Structure formats: C-alpha cells, structure tokens
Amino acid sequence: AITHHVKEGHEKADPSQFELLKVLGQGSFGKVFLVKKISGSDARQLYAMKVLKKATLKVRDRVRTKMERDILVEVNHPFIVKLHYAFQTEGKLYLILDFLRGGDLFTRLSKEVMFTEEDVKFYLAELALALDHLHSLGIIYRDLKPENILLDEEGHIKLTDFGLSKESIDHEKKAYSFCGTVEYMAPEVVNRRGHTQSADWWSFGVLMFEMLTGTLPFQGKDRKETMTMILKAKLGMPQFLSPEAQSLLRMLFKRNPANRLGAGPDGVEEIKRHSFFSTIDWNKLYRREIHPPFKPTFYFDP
C-alpha cells in the first residue's frame, strides 16, 4: 500500500489556555501549579497543572511522566485523581489534573501530630480500595507517604502522583528500582531483591503506624541507618494502640513478602476482612457514602 502524504488537523491543548494562579508544591519530577481554564466548555474551571521542564535531557523523568500519563488514562476509580489533559511543547510536558481543594494529609497530620483510630481506619479503607484497583491493572504504587494523599472538598482521599509507580508487574515479573521515600520502603525494596504489589502493603503499614503514633516505625539517624533498620524490622509497639491495630501492623510488617497480609491468594480481601476494618461497609465506602471524619460578617441591623 502506497502512503498518503497528508496530515490530520486538530485543535491542540496548549499551556496558554490555562491561567497560572499559584504554585501548589513539588511533585515527583516537577512543580504543580493551580491553574484556571481560560477557554472552551470547561472555561473558569480550576485544575492542578504538573510541568516537567528540560524534558529532552531528563530522559528518566520523561519515560516516567509518559508512564504516569498512561496509568492516569487507564484508571477509573473514586479515590484516584482524574487526568483532564496531557500535552507538550519543546522541552516541556504538562499534565492537567483535578485540583484537590482539601490539601494533603501530611498538612493535617503535622497539625494534629496523630489521628484517632476512627480517622486512620477511614483513610486506610479508601486507600486500600485505590491500591487494589492499581494492583488489578498490574501497577505497584510504591510512593505511599502522607504528601501523596490528597483530600477533596468533602474530605475523601485521592492518590495523584504516579511518577515513581511501576506498570506491567504480573505473573512472575518483579521491579528492581530503588525509588520513593526510604522510611516507607518494604525490606525487599531496600535489599534490591525484587518487589511486586505486596511492597505496597508494607508501605500501607508504615503509613498506618505514622498516622496512629505521629512517628515512623523504622528510622535511623540518616537514610543508610533507616535502610538497615527496615531490614531488621525490630518494631517497638506503642501501648496506646488497640489490639486490632497491633494485629494489622504485625500482619503487614512481615519481611518475607509472600507471608505479608494482602499477599495471599485472596489479595486485598485479607486486608478488608481484618478485625481493624470490621465496622467498614466497603460498598458504601466505594460509593463515597461514608462521611469523612474531617471536612477540609460583623454588620448587624435587624
């Protein structure tokens, strides 16, 4: 067949269609900005714009930005951020995502020091459904940390940053990269022996421990000491934690990933049916029908 030398025409989304309002923070590979759509059907809509600079030279950040885009296009879940646009210019990549009005969980955690078990149960329950959705698509999230847990105006969670995630992890395939925040890494991630979706359940345990106590379970004076402390996994259990919380933590903190809660044949069901989550109606939770525990004039002349 002879090639028809003609070009398809399309009106392309450009960064000029989004008014820059302020810098929201720093994502895995670039800055995130609050922007407002100028034109089209979604005019006046607020979004979060993630920008990757000098994209042509930053080859590893570029391949992961493309993977992040691909993950976001594939996912359809209540607790996972929606991607609205993805486009590029010379040396710049852009992702236009939902703007989460409630800020991140780290800001709330730092202000409160620690959360009640009722609050932790809520956050982890929505997170377990989001993680399981990613696992069903062959994805390892890998970058759990409270900075990556965003809240909407209602107080429900959203996972938003997939820059450090891993795709195509199914059957006997393992990932070997050493990326993410060290304090949340599973032992198999730290010792470079290969990791799968079960590494996310160790991270889920770290996040749980931090939310309940205000501190990290395995941490040393520097990143190298934290690494060897994760490999030893000698956990000092705070005595204000309930028996249900202590059971879940010990079942998640299994150094052998094959023996970790959520790694058995029932997958996420092993976590969903744990006593710590016994008051959770998982169907109502997925339907966003569970009230979040936290939701993020003087003149008088009658």
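For clarity, a rigid core is taken as the largest C-alpha set superposing within 1.5 Å between two forms. Numbering follows the first chain given and starts at 1. What changes on going to the form solved in complex with the partner chain:
- Annotation: the position in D104, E210, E188, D152 displaced by at least 2 Å at CA between these two forms, with the core superposed, corresponds to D104.
- Superposed on the core, the two forms barely differ at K254: its CA moves less than 2 Å between these two forms.
- Annotation for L124: C-alpha shift under 2 angstroms between these two forms, rigid core superposed.
- Superposition on the rigid core between these two forms places the CA atom of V113 2 Å or more away from its counterpart.
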Contents of the next structure:
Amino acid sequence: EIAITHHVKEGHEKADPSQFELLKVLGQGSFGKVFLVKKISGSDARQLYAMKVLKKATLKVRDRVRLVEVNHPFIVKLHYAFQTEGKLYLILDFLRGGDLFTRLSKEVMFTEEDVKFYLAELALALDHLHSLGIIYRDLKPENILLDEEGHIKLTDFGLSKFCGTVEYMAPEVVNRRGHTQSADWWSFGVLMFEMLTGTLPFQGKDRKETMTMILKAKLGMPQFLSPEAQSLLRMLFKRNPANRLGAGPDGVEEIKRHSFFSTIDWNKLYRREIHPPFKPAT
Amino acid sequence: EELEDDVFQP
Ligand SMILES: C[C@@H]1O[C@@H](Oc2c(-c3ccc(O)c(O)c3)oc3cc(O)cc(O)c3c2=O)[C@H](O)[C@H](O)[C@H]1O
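Target state, the form solved in complex with the partner chain; input state, the form solved without the partner chain:
Up next: the whole complex, starting with the chain shown before.
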C-alpha cells in the first residue's frame, strides 16, 4: 500500500468531502483519476485543488517542528487529507501536465548539467520545507514530480510503500537514535548518486544489509563524475551530521556555494528563468 | 554513531 505522511501546519483544521465541490475529473496520466475541486469554506474557499481518492493508503499526520503562506516554485503541497468512508482523500495543488521524475530517469539519462538543474531546484524546495518546519527523513525520487514546463515539483508530503525507504535514509535516521534536518541533505546526496550514476549508493538484498551499508560501507567514488560532483558527494555523504554539508546555520547556503552549483544563478532559478533541460509534452 | 564519517574511500 501507499503511505502518505502529511506535514500539517499548526492550527490547520481538518476538511470534509462536502466542503469541496467537483468541477472536472481528468486523467493526468501517471497521476491517474484526478478530481478538480474548489473549496466552499475557510481561507482557501474558492481555490481550485486537485483531489485524489485512494483506497489503500495510510495517513500519518506529522506536525512541523517550527506567519506568511507562499507558493514555492518547486514544491507541490498537500493542503488537506481526510479518511472518510474507508477511502483516503488527498487535497493537493493542481499540477497541470505534471509527470513523475522517475519516468524521465528511466527514459533519458541526465548530464551533470541536467542533474545540477534538478538538484538545484530540489535544494531550494527542501530548504523551503525545512524553513517551514518539515524534516523529510526519507526524501526519495518518488517524492519528486515535474510540472508542465519541466521544473521540479517536490511533494511537501511523505510517500512510501515509520515506513520509509531505507536506501535514502541517513545513518542517524537508520540508527533510530535521533535526527535533524541535516538527515535530509544526506538523502539529497543519495539522489545525486542515483541521478548521476543510475544506481543507488547503498543497496543490499535485504533491509538489514542495506542498513548496514549506510552505517558501515566504504564507497568507491564513481570517477566519471566531475571533480565538483565528487566533492559534493564526499561532503554530503558524511555519517556524522555535524560534519555534513548543510548542517550548519546557513543550511542550504553551504550547498548552494559548492563548486558543483557554481553555474547556477539561484535567483534566476527561483524566478523560473532558467529553462529546464527537458520540456514535457505540450 | 562511532562510524566512519567519510563514506567514499580516500
Ligand atoms: C498519491 C498519488 O496520487 C496520484 O499521483 C499524484 C502525485 C504523485 C506524487 C508522487 C508520486 O511518486 C506519484 O507516483 C504520484 O502527486 C500529485 C501532486 C499534486 O500536487 C496533485 C496531484 O493530483 C498528484 C497526483 O495525482 C497517483 O494516483 C499516485 O499513484 C498516487 O501515489
């Protein structure tokens, strides 16, 4: 089954099926049957929202560690999530022409230039969520979508099939001894390894072997990677969170300054003025 | 922890 971890706001109230009304039901391809709905009550009243009605899904509601609400360019958000009549209702941002990053990953290979773009946008998104009080623990390519123009859309909610995907979990999470937002920047590195190498840095036949690798393995640096990418992976794949890039006070700035992202104008990127490497069909 | 902070080999 699917496990949706909803990082709700403090004070944000639950929703009911009657509180929204259906305008169109469409197929967003891999998003499946998406119901387009508009709210009747609250601040969001009159807002179009995608609705997914899932039958085999478990809702965990983790509050944010922690005012002005804002739409980040590279994040889609779960606004409401209610289990009614044995069905899980998810009210999310409408992502017209959206697709899965896992689709592109299988069909085409990315240059390091391609990985820079998507990872740069993902880092902005991840830091925005960290600034919102959300620690991901299990950030994974399944949590990464793409909009109609090709820009990254990170889910602000967890998606797992604490059920998470061990392969993307930092040592301190795996240890079940404590973690901070720095655990997510390790996973960022795991993503980078898989994007750039096509394989996972830590993978065994079972979760115990995969866990052991995370905790104890010594990895050969793929030498086809650029020196900048090698350095970033070396600095993000540090088992002591205090020695990890992105664990200091400036957070993502430690990563945004790394030589690998030296070609990114992070201001242009946020303004969606850097054009994505692959453009979805339209 | 008490683990090899560096994961990639030297
Ligand atoms: C909760 C997900 O809903 C549907 O896909 C959507 C996803 C999605 C997300 C991550 C994935 O790994 C993935 O396979 C799909 O994301 C959405 C985000 C939105 O803002 C609005 C949506 O309607 C979907 C949206 O409809 C699909 O039915 C998917 O199988 C299911 O897991």
